[PDB]
Each structure stands twice: as structure tokens, then as C-alpha cells.
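The excerpt is restricted to a subset of chains, each kept in its original location.
Here the chain labels run A, B and C in written order, and each chain numbers its own residues starting at 1.
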């Protein structure tokens, strides 16, 4: 079984697509293995770039296809190169930009943790033909973090394995296991942008909603919460157009719902305060002073939803 | 008449385009048939990957083209492999990402059931030349529905059938029946996002809109439903920028129509109250107390849409 | 002059681009013509799919280029096939997805009728070298209009003709008339979404706008109309995001202008009623009670605009 040692050089992980559960990786693949010795010009190793690799492949050089298992679509490949050594060994070297796929839970956006994954597995040779001897991953990364959207935690965690397929070809003995390289990079979303620009004003809006109770008349109280209502809606629209599209609510969505809830609840209180009476216009001296009651009741429920 | 057995491996179904009635599928086709026996190197099956498959084809390897009927555009193809066994049999193996077309009725959005379909048919060989002998489809599926946009339901439907074409070339005898593979994968929409961030708050606005009748004055009543009206427009737009583009109204779209509708009737009821009089400002104590009438009048007419 | 019979199978018409005056057609071209007898294996017709076709051309098979005249950019091609008959004939068979160009008037959107057109014409052989003997077009059609954006109406129209070019090569006598196929498909827009979701509420807004004259006070009357004005802009904004970019107004675009007018009209009337006085509030004791005047005076300007 030919031992292929692999190297991934990750140049950029960027472009996350939340709806698609997809992220873009720019980098190099390096694959190395040893064949039967060759005679090269001089006796210094031989270089074969791009186009000529196919010419070499035609006259019979084994360059096994290594497919990116979790790539969506087939990757943009840049220069390719062969280094042929006389002692037999072969080095395949190529640049790639691919859009990769992984399960991505975004429900605690903008406080989500994600993991970028690469899965590599030979397209046609099983573990008895081609086996992954090792893999190094160079994440040429560090520092300058707050300008950066995602905070990389690790330094590329790795797992080589054997994948067994129960449903394949006309194959019986044990030729149904392929070797797989799985590369993981752990990350955390930098939530500041959402804290200052989405969370904060959404809060100031919700906060001032409560100031409806500092209004003198009932006509004033009831008529204003309609504006307040229009404002939360105005805010949702501002929000939605900019934030990632998901098939679920985020923490920010729920704050909006809660704002809708708060204002619609005050509507009930404002209306109820008025018509529950011992005459007709008995505004409950005590209930009308829930100006401090349910800002902190919202503050209590604010903590209860987080548990 | 050659028996061709096929396997589809579905990796990801994603990117539904509502306006286009379209969705993306990543996966593998495996097609197999038996030829006249070959003398292969050693005696184990010969592997041929990508660039070299053409070379075998140029020298007369029969590799029949199996086209994806309902593909829009020509699919992105990944690695291809030919495996030539010595006893005659040949297996074609390839990866694809393609956009497939199928009738997609989105009218009960966000509660639609959709069906992702793949249709397979030889491009040049009819059922007397090439026949589909059987087909399994593996949906490497499980888990995390709650994380996903669509929830797949069945295990996948399969049907081999024979399609007869009545109008073609100058060929008649019986070369007009092609053998067809049809794959069906059932799905349901994840409704929850739309329930909580569209339906519910649109629902609160509708109700709180009705609180306009709890206003004491006539002037307050009428002037206020104009803000209520402006709110629904603002809401409608929020919805519009976010929801899928269609050529018909969805259940949400209708909720907005009703919202506009409730508000406009309220204008009428409120004006009717005022100027229908025995003085000038005799607001029908009873009709202004339709504070209970058309809130539950809306629920009756809302439940009439269920037939 | 080689007689070529053509067949187009129209699979999908989708992707209208109103700014570009463009649409997408998925389908197959079939071209048939007769050369000199060939020897085919057995004596049964010979099949040549995709890759092998070019190779036949290298050995001199005449496969003439038939160009899509009105295609924007060059079409995505699927599988190509040649059926070479021993009796002399050749049949060319191809799938295409193309972005096609045609004049499209959108002024009565969402009630426009459009016609999707294909224009076929040889790239290198004139009508005395190659002539279109005929052309039939199959629109595999039926059902589900209510599901679709466009309603195909006809069954497809035809035109075989001669296009005369006055300025060409160093050759003058008659290498200037090429034969052209024109395929025409009629369509109507499914107007229902824009009917219920844009027209109706836009109407209810305009309608309820007129209820300004039912307000007792002048402040009520003049200030309320400012809200109305804001509502129409909000409505304008709501719309624009969804409507197609055109360089002219549509029907909806006019209802909007009509609205701004009706509102701007009342601002003036409300100011006029009040400040044309012999005191300060000498409202033309009746004019303010034009609650029927320019609502139905507006309706009059509406039917005349349909001239």
C-alpha cells in the first residue's frame, strides 16, 4: 500500500455562506510518495509544471487523484508541479481555492463557535492501495485579531482514519476501506460588531419603549406605543437586510421578538389600567407606576431565557 | 441490449431557487455494465482516472453517455474513474454538482412540501440498445434537522420506466422508447424561523391594531389607524426584502393583505360611527364598542380560509 | 445547396432579465442533412457522442456551424451526438442552455405579454450553400400555469426566411443571403402576486387617504395628510425593492404617482379651504365636505388615463 504523506497550507479561510453552510479556503496541497527510481537530467531532481504533468501522466506516471470529499463544486486549481526525484520519490504540489462544506450551527449568532473542516480521500484507491501516512497542516496564522471577524483558537487539529463503505462494487475480501485525512480548524465569532451596532441600539429602543409609562394622559400613553411598535418594525427591517440569512432565529432575532412582546404587553397594561374601574376612568395609581416594575421584569426574563 | 446498473450518492441538496423552480445537488453517479473480457495488467481491475478516460474512449471504449434529464445547464463534474475488470465488467464513477428542475408549488410557504428529483436517461441509446437494470440511491442522511433549511423525509423513491417519444428524426421501427431512472427525495420546510420572526409579530400588529377602538375620541380613533396603516406598510417591506421571490401570494403575503384589510375596515367603522348620527358627533356607543366585534370577526373570516 | 432540417425542443423558458431584455431557454437542437454514403460497422447507423465528434471533423466530416443569431454570449452545451447513416445522412443532436436576446416592452407590467424568440442561422454557409428546408419546434407543454411565473400561450410560431446582407466579403454576386430560422413563443405574465400584494393595498391606501376630509379640524386635516405622504413613500420604497429595473414607468409606478398626486392635491385643498377667508377659519362652509368630490373626481381622472 503506497504511503502518501500529505500537507495542507491554509492561506485564507473566508467567505462563509450561512444559508449554504459553506466557507472558502485558499491554499496549497502537497502530496508525497515513493515510486520506482528514475533517471533524471543531470541527477538533480526533475521539475514538471502544469501542462507537462499530463504528458507525464500519459506515458504512464501514477499521480493518484486525491478528491476533497467535502468540497461543494470542484475547486479552482492554480499551478501544478511535479518534483521527480531519481531515488524514486514523487512530490505533487498544487494551489487550490475551493468552497468547502460543513455542518454549521448559527443559532447563537453573533456569539457562535464554528469549525472549518477539510476532508481528503483518494478518489479511486483503497487503503490497500494508497494509505495516508501523515498530514501536516500549516495555518500560516496569528495576531491582529480585532480587525479580524473570526478568532482562530487552535492550530489545526487532525485525524487520519479508515472509512468503510457498506455499499459499493463487486468487491468482497476487505477492499472497501479508503483512508481519510480530516483537518479541523476551530473558531469563534468576534461579537463586538454586533454588540455595538445591533444589540446596543436595539436595547436603547426597547429601553425607551418603557418610557411610555412616564406619559401623562391615556391618549398619550396608548397612541405612543403605536409609534414604538412601528419603530421595532423599522428596526427589524434595518436588521434583516444586513444580518446573515438562516432558517432559524438568532439571539438578535429573539431580542426583536421580545421588543415586539414588550410593547404589545404595555399596550395591554395601558389599556387595562384605564378601563378596570370603580367608575369608568379610574387609572390604577399603582399599576400606572409600573414604570420601574417591568423594565426589571424584562431584565429578569432577560436572564431566564439565557438559562 | 446492454444492462446498465446505476447508483446515485446524494451529498447535499441546497440552493432552492423559487422563481426558477430549481435546486442544487452534489453527488456521485456510478454506472456499471459488462463488456467482452479484457486482458488487464496483472489481473486486478484497471483503474483509469479523469484525463486518461478520454484516451480509452478515443480508442473505442464504449462509454455510453447518460444525461441528467432535468439538469439546468451542464453539471460541474469532478473526478471521474473508469474501473475495467478482467471478466468484462466496466464501472464508471464520477462526481457532480448540478442544478435540477422540478415543479415546485410554493403556495403554502413556509409550510410547503417539496420533492427533489433526479431523472436519468441515456443520450443516444434506446431501450433496445441500453437498458437500466436497477438503481439504488443512498442519502447519506441523518440528524440536525433543526440546523437545516429543509427536512428530508423518506429514504428516496426509485423508478425505472420506459419513455416513448413520438416525434424525432428519420428513425421509426421501435427506436423511440428510452429507459429512464427517476429518483425522488421528499422534503418539508423548516417553518419555525418564519413562524417566530414573521407570523407571530405580524400577528401581534394585527391584534394591537384593533386596540384603536379603545381610544376615547373620534379624532384619536381615525388619525391613529393611519399610523397603524403605515406600520403594516413598513412590515410588508420588511417581509418583502427577506422572503423568497414568487409569482403568487404565500400565506404570509395574505396575512399582510388581511392586515391592510383590517385597518381599512376600521377606518370605515370609525368614520361610520361618527357621521351616522342624530347630532353630528353621536358616535354609536355600540358600534364604537365593536372593540370585541371585528377582533373576533377577523378570527371567523380567518378560519373561513381553511376550506 | 444542402437542405438542412432543424428541430428545437424547448425544455424550460425562465430567467427573464428586464434591464437586459433577455431570457433563458433550455433545449435540444437537432439538425439533419445528407452527405455521400459512408461505411458503418454492421450496416446499422453509427453513433458518435460528444468527444468523438471533433475527431470525425478532423478527418474532414462536414459538420456546419449553425449559430444562434440572438444569443447573448455563447450557450452552455450539453451532450452532442452524431448519428452517421450508411445511406449518406448525418444527424446532429445537442443540448443547449442559452441566454437569448429580444426586444421586450415592459410598460404594462405586471400585465405585459412578451414573446421569447430563437433565431438560427449558419455561421459560414449562405443560402445557396446551405438552406433550411424546414423547422418544427416542440414545446413539451401542459398544466400548472398557476405555479409558474410565465404563461406560454401559443404552440410556437415559425419563420424560414432569407436574410440579405448588403455589406460583406470581397465576393459580391449572391454570397450575401443566408437562410434563417425564427422560432416564436408567446407568453403572458402570471400577474396574480402583483395584483393581490401590490395593486390592492396600494388601492386601499389611496382610498383610505381620501378619508382625510372626514376629520373635523384643519390641523387634523393638514397634519394627517403628512402621514399619508410618508405612507406613500414607505409604500414606494416597499415596492421598488421587489419590482424589476426598467428605464420607464409601469402601471404600478403610475398608481404611485397618482397617490402622491391625490395626497398633494388635498394638501392644497385643505390649505385653500381654510386660508381663503374673510377671517382665518372661513372654510368654504361646504368645500371641506368634498368627501365624495375628488374621491370620485379622482376616479374620473383614472378612466381617462386609460385612454
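Here is the rule we use: a residue touches a chain if its C-beta (ideal position, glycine included) is under 8 Å from a C-beta of that chain, and two chains touch if they have at least 3 such contacts.
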Here 3 chains sit in place, yet the whole complex recorded in the file consists of a number of copies equal to 5
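Methods note: only the chains that are shown with their structure count from here on.
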Treating touching as the only link between chains, describe the layout with one word: line, ring, star, complete or other.
-> line
Looking at mean CA positions, which chain is nearest the middle of everything shown?
-> B
Hey, how far is the Cα centre of chain B from the one of chain C, in Å?
-> 24
Hey, how far is the Cα centre of chain A from the one of chain C, in Å?
-> 39
Find every residue in chain B that makes contact with two or more other chains and list them.
-> 227, 230, 234, 237, 241
The answer for chain C against chain B in the complex is residues 7, 12, 14-15, 26, 30, 32, 45, 47, 49-52, 55, 76-79, 81, 83, 89, 91, 93, 95, 97, 136, 138, 144, 146-149, 189-190, 192-193, 196-197, 200-201, 204-205, 207-208, 211, 214-217, 220, 224, 227-228, 230-231, 234-235, 237-238, 241-242
What residues of chain B sit close enough to touch chain C in their complex?
-> 19-21, 54, 57-58, 64-65, 67, 71-74, 101, 103-105, 107, 123-125, 167-171, 218-219, 222-223, 226-227, 229-230, 233-234, 236-237, 240-241, 245-249, 253-254, 256-257, 260-261, 263-264, 267, 271, 274-275
